[PDB]
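Visitor: One letter stands for each residue in the lines below.
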Amino acid sequence: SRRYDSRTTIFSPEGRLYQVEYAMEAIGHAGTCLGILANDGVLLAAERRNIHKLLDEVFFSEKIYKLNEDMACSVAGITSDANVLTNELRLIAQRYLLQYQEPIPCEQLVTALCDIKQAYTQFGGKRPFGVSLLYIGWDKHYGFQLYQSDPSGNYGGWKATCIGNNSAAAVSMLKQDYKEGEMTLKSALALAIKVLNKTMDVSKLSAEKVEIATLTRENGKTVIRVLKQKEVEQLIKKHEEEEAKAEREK
Amino acid sequence: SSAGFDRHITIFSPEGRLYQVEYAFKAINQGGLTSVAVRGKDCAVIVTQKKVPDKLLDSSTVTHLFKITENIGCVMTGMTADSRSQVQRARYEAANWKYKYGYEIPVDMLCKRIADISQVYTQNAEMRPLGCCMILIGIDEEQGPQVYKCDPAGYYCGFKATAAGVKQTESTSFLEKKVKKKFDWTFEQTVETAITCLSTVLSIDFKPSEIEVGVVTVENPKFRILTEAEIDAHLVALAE
Amino acid sequence: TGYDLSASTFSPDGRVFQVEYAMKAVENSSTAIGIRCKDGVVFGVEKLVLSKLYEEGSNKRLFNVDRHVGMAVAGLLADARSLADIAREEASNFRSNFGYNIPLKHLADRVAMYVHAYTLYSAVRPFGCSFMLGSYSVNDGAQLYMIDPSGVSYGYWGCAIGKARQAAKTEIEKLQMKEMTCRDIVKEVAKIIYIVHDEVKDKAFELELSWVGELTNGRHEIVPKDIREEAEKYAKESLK
Amino acid sequence: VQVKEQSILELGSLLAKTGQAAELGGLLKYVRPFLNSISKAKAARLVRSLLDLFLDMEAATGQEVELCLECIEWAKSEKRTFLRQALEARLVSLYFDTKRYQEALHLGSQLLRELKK
Amino acid sequence: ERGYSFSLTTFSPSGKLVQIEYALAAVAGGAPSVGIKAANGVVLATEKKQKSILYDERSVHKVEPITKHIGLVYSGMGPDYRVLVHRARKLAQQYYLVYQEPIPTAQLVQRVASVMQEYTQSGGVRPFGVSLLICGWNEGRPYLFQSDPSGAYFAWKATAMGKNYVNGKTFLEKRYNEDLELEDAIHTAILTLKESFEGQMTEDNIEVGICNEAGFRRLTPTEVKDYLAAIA
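Chain order of the listed sequences is A, B, C, D and E. According to full-length UniProt numbering, the first sequence is numbered sequentially starting from 2. According to full-length UniProt numbering, the second sequence is numbered sequentially starting from 5. According to full-length UniProt numbering, the third sequence is numbered sequentially starting from 6. According to full-length UniProt numbering, the fourth sequence is numbered sequentially starting from 43. According to full-length UniProt numbering, the fifth sequence is numbered sequentially starting from 3.
If you are wondering where the hints come from, they were derived from the structure by calculation, not from laboratory data. There's no promise every hint is true.
What follows is a set of in silico ranges between Cβ atoms, one per label pair, in the way DEER data are often shown [claimed, not checked]:
no., chain 1, residue 1, chain 2, residue 2, range
1, D, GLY68, E, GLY201, 38 to 44 Å
2, A, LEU56, B, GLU108, 47 to 53 Å
3, A, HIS53, B, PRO110, 43 to 49 Å
4, E, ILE55, A, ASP202, 55 to 61 Å
5, D, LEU56, E, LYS227, 23 to 29 Å
Subject to a maximum C-alpha distance of 27 Å in a straight line, what follows is the list of computed BS3-like cross-link-like pairs (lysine-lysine) [what the hints assert, rightly or not]:
no., chain 1, residue 1, chain 2, residue 2
6, D, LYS46, D, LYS121
7, A, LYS64, A, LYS187
8, B, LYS116, E, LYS171
9, C, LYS179, B, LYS55
10, E, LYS50, D, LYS84
11, A, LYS210, A, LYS67
12, B, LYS116, E, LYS64
13, A, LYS127, A, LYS187
14, D, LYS159, E, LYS53
15, B, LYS153, B, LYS184
16, E, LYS176, A, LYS54
17, D, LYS158, E, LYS171
18, B, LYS54, C, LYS174
19, E, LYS50, D, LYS121
20, B, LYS171, B, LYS184
21, E, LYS196, E, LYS64
22, E, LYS165, E, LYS53
23, B, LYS186, E, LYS50
24, E, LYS227, D, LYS118
25, B, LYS226, B, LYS45
26, C, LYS43, B, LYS55
27, E, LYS196, A, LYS54
28, A, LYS176, A, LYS195
29, A, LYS160, A, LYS229
30, B, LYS164, E, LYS64
31, A, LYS54, E, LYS171
32, D, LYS158, E, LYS64
33, B, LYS153, B, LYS104
34, C, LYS43, C, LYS29
35, C, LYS245, C, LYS196
36, C, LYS57, C, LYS110
37, E, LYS51, B, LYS45
Partial list, derived from the structure: chain B residues whose beta carbon lies under 7 Å from chain E [to be verified]:
no., residue
38, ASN128
39, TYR159
40, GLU180
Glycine included, C-beta positions come from ideal geometry on N, C-alpha and C.
Chain A with its partners taken away, still in its complex shape:
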């Protein structure tokens, strides 16, 4: 019995533990997602992968999931574990609401899920979860918020982040061009369009190959909208014409 074991919990002579490292190498491929916020409303942009000619296009959502009245999250990596994790945190939020009769703050929910995710890396002898995902939300404590998770277990707040295969270039371009406390929910969309244009190899940015979700605040609604395909095309062509004009200036 000890001959067939794989020992998926022990350390290594060099200090690190291999399984979480291999999972992070696995999350490298398979998708591209990013999130940005600077004022009322926060936006998530995702790169659709299944773009074959024969898809029925149901469920009104591809990679964006709703977790509460004011919580949404994307995901990258193996999709089945994504289904598991989303279902797992949904009832966490609901049981908090049942006990306290108050919407759950984002930070506590993220910490709870991260604790569950880390439990598998210390004891049990099971394969870890190969999924990393973002969180966007709003609450009365700190307004609007964005956070990022990790198969290792840790997390952290952010202002603009990317997770997909070309995350390095996206992060460099983001830190090169951003302003603190001025970007309204009109310039952030253009910034995301330009970043996606740079990262993906396919030019002309076919509107069916991207997905955009935005969160905005109302008197008592906190409406989440998934803007349709009838509004992406003019945004893209506006980006194209302004880029052509700027290049022609030089």
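With the hints as your guide, set chains B, C, D and E onto chain A.
Guide: Then chains B, C, D and E, alone, in the frame of chain A:
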């Protein structure tokens, strides 16, 4: 073709196969015996050989035929202990069905339940998948005779002429050649064909003390084992 | 290699290797024979004296299972005692549940199933004892059964286990045991054990004889001392 | 019910063997209301098994054009693309044997675009 | 007794799960199958072949009804199919007991996929070796779905699986559209199954299932013979 522990337990090899199950199929042939089953118009026959190499051994307790139920009969091949255990499980399952549902169990449901039980062994990596085969015969209302076969991999099916053992291939070929002619089938014809199949596959010209025959028919659905005298009667009637 | 470390790995040719190793562990035991008469059975064991320090009657290899059932073992003593205990508990349980002495055809089967349960999984090892069960009843005659560690049990007219099993059965077959009453069988059992195990192999040994049949009204017990004395006195005449 | 269709087929075969066409046309007219009462597969196979036997004999001036047109109409009503396309091919082949100028040209050009896709 | 309690599926140095790939390779060697939907219902077609005339072709079935309006076909290993069928039946039963309504198709697909995924992370087990196609008709719009040993699933208009699935998909690309009827769908399904079929196709080597807003059922051999004729 192999990488890791695929040769020692039941996990997929790189090509998509698994060997710990197809080893049991050749473990079947260790006994060195063959059994044949034939289905007729209104009857079903099971025939097998028996070998007693020593006089000290008591020849009355070497039968491979077993009475699973007053209406359902079976024959086994392969390792003896595993076959006995499967017989025990089948008896218990039939009795439980009778207790629970209040009417007799169909043969196909019994075969399916046995196969489903056997399929688990090739799913988990701590058990060994029981290298013994299974043949059942029975009578069903509005259907007549039924002959079913079950294997260690969990694959059950319903046949019209079956052979299990060392000489499976050529016996099936001979049975196919005989059945393609599409002639009428009665009791005597079915028994004669079943006996002659084994006789010509092994080329023995044996005696009435080296085979066993079981029969079921729609006149007394009780499973019965032929006595040596009437076996000799069929044997001499076969030789004009 | 490595196919012969667990009890859950079929070798490429399709057979289990640990059970064969248990067999080879059995073949080094001393010897034990048992033959049935017109109205009972007779067991016989030759027991080697390792050194003069030990006392007569030590570590008897002729166990008494139930009030009318006897056992003779060969192999590793510890496993044999465990099997004797489990059979004894099972027989008592049967008597309590139903209400009469258990027949052999059921007790032997249950013990065989329990032994066979230890040859599938990798968490336990196969047993290493081969044994014989004997009995006599007024309504069923004499019964003799033999069980091996692989989990197989057959009925016999006479059998032998140990090192020189085949040599013993050679002179066993010469006898016409089908006829005589087992009052004169004791002399021939003594004769047949004194004609094996040359004095070159070992210096001294001793004889252990059991008895059951209608002569004892169903009870099973050791032979009286004077009868064994006369039996060995007769058997010494093979020096001619 | 099915025995009626079997007998219809056998009678059609016998009439074809005899060597006349008026009765065959009458048979084709006879069952058109009946057909909307059975399975689609049987209806299609009977339509084909009657049309082929009617056409592969010899010329009758009155009856070798309107039958194909009404079969086209029925296939269009039933919404079966392959059936109507095969019958269009048969009809455009049939126009030529009557020495027709244009109706055997525009039909083929119209069918080319559909077949090429 | 006890099991092993350690996963047999682990991550490779290149960030890939090997066992799932081997299970997919085993799936790729199964019997071919095709599935189509066009504006009125769904058609599932599969090919069956007995080794010799001795086998009884009417004793077992490939297409199996979960309930009155859900159908399911498979490609891959044989014995593993029945376990999934039985589990799906159970799940539909609990759903109907709780809600007093027939289960929607999407919920059943999600639950079955969850089971199949959970079966690749626990200890001392190996993943299933089949790929499934599920069809249904609820609230007018027909639905078609395909599962995966890894647990993922997709929604399709037309799909081919089994041997030479790439050729089937390419063939369906140049033929299928969004406006046909069940009869033409059957015709094109048989046509595309004829690409890799045997020499002679008989009315018993093929199993066909149809779902419309009247319910799921399995075609009897008579009308299968009728459809095979007058085509090809």
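Visitor: So, for every hint listed, does it hold in this structure?
Guide: Consistency of the hints with the structure:
Checking the proposed 38 to 44 Å range against D/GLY68 and E/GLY201 shows it holds: the Cβ atoms sit about 41 Å from each other. Distance hint for A/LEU56 and B/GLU108: a CB-CB separation of about 51 Å, consistent with the stated range 47 to 53 Å. As the Cβ distance of A/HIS53 to B/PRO110 is approximately 46 Å, the hint placing it in 43 to 49 Å holds. One distance hint, 55 to 61 Å for the beta-carbon pair E/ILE55 and A/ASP202, holds here, with the actual separation near 57 Å.
Range check, D/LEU56 to E/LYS227: Cβ separation about 24 Å, and the 23 to 29 Å hint holds. Distance check on the hinted pair: D/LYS46 and D/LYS121 sit about 26 Å apart at the alpha-carbon level, within 27 Å; holds. The suggested pairing of A/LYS64 with A/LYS187 holds, with an alpha-carbon distance near 23 Å, which does not exceed 27 Å. Note on B/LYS116 and E/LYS171: the hinted pairing is violated, with a Cα-Cα distance of about 35 Å set against a maximum of 27 Å.
About 22 Å separates the Cα atoms of C/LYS179 and B/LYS55, which keeps this hinted pair within 27 Å; it holds. A distance of roughly 25 Å separates the Cα atoms of E/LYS50 and D/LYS84; the hinted pair therefore holds under the 27 Å criterion. A distance of roughly 21 Å separates the Cα atoms of A/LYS210 and A/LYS67; the hinted pair therefore holds under the 27 Å criterion. Among the hinted pairs, B/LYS116 with E/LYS64 is consistent with the structure: their alpha-carbon atoms are about 15 Å apart, no more than 27 Å.
A hinted pair counts as satisfied when its Cα atoms are at most 27 Å apart, and A/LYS127 with A/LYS187 does not qualify at roughly 46 Å. Using a Cα cut-off of 27 Å, the hinted pair D/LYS159 and E/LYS53 is violated, with the two alpha carbons roughly 39 Å apart. With a C-alpha separation of about 21 Å, the suggested pairing of B/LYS153 with B/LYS184 holds against the 27 Å cut-off. For the hint pairing E/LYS176 with A/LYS54, the CA-to-CA distance comes to about 11 Å; that is within 27 Å, so the pair holds.
For the suggested pair D/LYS158 and E/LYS171, the alpha carbons sit about 20 Å apart, so the restraint of at most 27 Å is met. Taken as a hint, the B/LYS54 and C/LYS174 pair is honoured in the structure, with Cα atoms around 22 Å apart against an allowance of 27 Å. A threshold of 27 Å between alpha carbons decides the hint, and for E/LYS50 with D/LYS121 the separation of about 31 Å lies outside it, so the pair is violated. Of the supplied pair hints, the one linking B/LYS171 and B/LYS184 holds, its CA atoms being roughly 20 Å apart against a limit of 27 Å.
Of the supplied pair hints, the one linking E/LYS196 and E/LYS64 holds, its CA atoms being roughly 18 Å apart against a limit of 27 Å. Of the pairs offered as hints, the one joining E/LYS165 and E/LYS53 holds, with about 18 Å between alpha carbons and a cut-off of 27 Å not exceeded. Restraint check for B/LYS186 and E/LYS50: the C-alpha separation of about 24 Å stays at or below 27 Å, so the hint holds. Distance restraint check for E/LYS227 and D/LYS118: the Cα-Cα separation of roughly 25 Å lies within the 27 Å cut-off, and the hinted pair is therefore satisfied.
Straight-line distance between C-alpha atoms of B/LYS226 and B/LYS45 comes to about 17 Å, which keeps the hinted pair within the 27 Å bound. Between the alpha carbons of C/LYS43 and B/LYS55 the distance comes to roughly 26 Å, so the proposed pair stays at or under 27 Å and holds. Only pairs whose Cα atoms come within 27 Å are accepted, and E/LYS196 paired with A/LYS54 is accepted, the gap being roughly 23 Å. Of the pairs offered as hints, the one joining A/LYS176 and A/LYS195 holds, with about 14 Å between alpha carbons and a cut-off of 27 Å not exceeded.
Our distance criterion of 27 Å between C-alpha atoms is met by A/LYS160 and A/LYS229, whose separation comes to about 25 Å. Of the pairs offered as hints, the one joining B/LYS164 and E/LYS64 holds, with about 20 Å between alpha carbons and a cut-off of 27 Å not exceeded. Restraint check: the Cα-Cα separation between A/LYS54 and E/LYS171 comes to about 10 Å, which is no more than 27 Å; the hinted pair holds. About 37 Å separates the Cα atoms of D/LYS158 and E/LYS64, which puts this hinted pair outside 27 Å; it is violated.
Distance hint between B/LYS153 and B/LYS104 is fulfilled; the C-alpha atoms sit about 25 Å from each other, no more than 27 Å. Of the supplied pair hints, the one linking C/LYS43 and C/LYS29 is violated, its CA atoms being roughly 34 Å apart against a limit of 27 Å. Proposed proximity of C/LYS245 and C/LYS196 is supported: the alpha carbons are some 13 Å apart, at most 27 Å. At roughly 42 Å between alpha-carbon atoms, C/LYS57 and C/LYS110 are farther apart than 27 Å, so this suggested pair is violated.
A hinted pair counts as satisfied when its Cα atoms are at most 27 Å apart, and E/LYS51 with B/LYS45 qualifies at roughly 25 Å. Taking 7 Å as the C-beta contact cut-off toward chain E, the hint placing B/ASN128 at the interface holds, the least distance being around 6 Å. Annotation: B/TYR159 was flagged as interfacial toward chain E, and the flag holds, the nearest CB pair being 6 Å apart, inside 7 Å. Nearest Cβ of chain E to the Cβ of B/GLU180: about 6 Å, under the 7 Å cut. The hint holds.
Going down the numbered hints, you'll see the structure goes against 8, 13, 14, 19, 32, 34 and 36, while the others check out.
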